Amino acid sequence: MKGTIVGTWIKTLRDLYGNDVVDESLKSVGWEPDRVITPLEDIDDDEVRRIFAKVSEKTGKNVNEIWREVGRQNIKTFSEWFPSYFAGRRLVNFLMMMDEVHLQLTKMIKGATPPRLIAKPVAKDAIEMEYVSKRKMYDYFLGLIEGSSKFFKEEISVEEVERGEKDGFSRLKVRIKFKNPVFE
């Protein structure tokens, strides 16, 4: 992972569970508890994993629900730092453009690998979206979808169609249905 997002995860976790919990968690992996992560710094993925794990044991909160809450909260942050992505759009446009964003974000650092998020209409009021990654950040993905729905103030139902590994890649396909009719 690259530092920019990792740092974002760390701030959010503090915002949610307090500094004590975060710092000791940060200490448990051998980081300085006040570490300053640089945008293009290479942060080991497993190190993040254990930080979240440690937070889970310190709050008694299931680690997958922590990841979902981090996701929910990240949309707000993203809207503040990249408002050009949110302005003049309805939820459906945002979600469908997300794949493009990531493909054109792989430029941020040359080593960045954010997942595919290919979306496609499957009805007048529904789209499929498929998360595809070498990682398995299923709840982070689902959290971000829910947070997008809250931000745009458009209700959705999210139905999970497929989950699991398929040739080297972890995948999660959901069917996203809009209450109000979105397409013609």
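Definition used throughout: the rigid core is the maximal C-alpha set that superposes within 1.5 Å between two forms. Numbering follows the first chain given and starts at 1. What changes on going to the form deposited in another entry:
- A displacement of 2 angstroms or greater separates the C-alpha positions of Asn62 between the two forms, with the rigid core held in common.
- Once both forms are overlaid on the rigid core, the distance between the two CA positions of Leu13 between the two forms is 2 angstroms or more.
- A rigid-body turn of 17° separates the smaller part from the larger between the two forms.
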Given for the second form:
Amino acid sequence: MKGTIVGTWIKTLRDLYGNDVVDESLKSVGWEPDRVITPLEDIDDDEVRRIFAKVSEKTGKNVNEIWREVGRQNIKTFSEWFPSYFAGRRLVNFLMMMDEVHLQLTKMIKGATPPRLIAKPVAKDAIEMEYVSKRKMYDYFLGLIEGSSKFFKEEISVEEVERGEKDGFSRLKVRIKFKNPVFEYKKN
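Starting from the form deposited in one PDB entry above, please write out the structure of the form deposited in another entry.
No partner chains or extra molecules come along with it, only the chain itself.
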């Protein structure tokens, strides 16, 4: 997992559960609370799993519940650490921009396997976003969408269209409907 993104999760975990829980979890994997992750660093996915596992044991919360809360609260962290991706944009533009963003930030990473997040208009007031990844982080995905709604102050409804797993890849397709139209028909 791209290092600087893991850095945001650590900060978000501190907001949710405290410096003690987090410091203890990082210590269990040999980290240093004051460690500064660089833009070119890649953090082993298994290390992230162990960190979250420790948070789970310390807080007594299910790992999936933690990922959901981290997704919900991480949008705020992103807004502070990567302000340029926000800056006055509207929720729909933000969401449709994510697929390209993930490809960009993992361009020069060791093996590079970013989640695909293709979004496409399906109505004047809705889009279909499909999560595709070997990691199956459905809860984080759904939480980030909820948090995006809260951050941008734009009410939405999220309906699961379908989910599946094939050849190692997990897929989750949701239909996001906005309260007000965000698209108009234009000649193709």
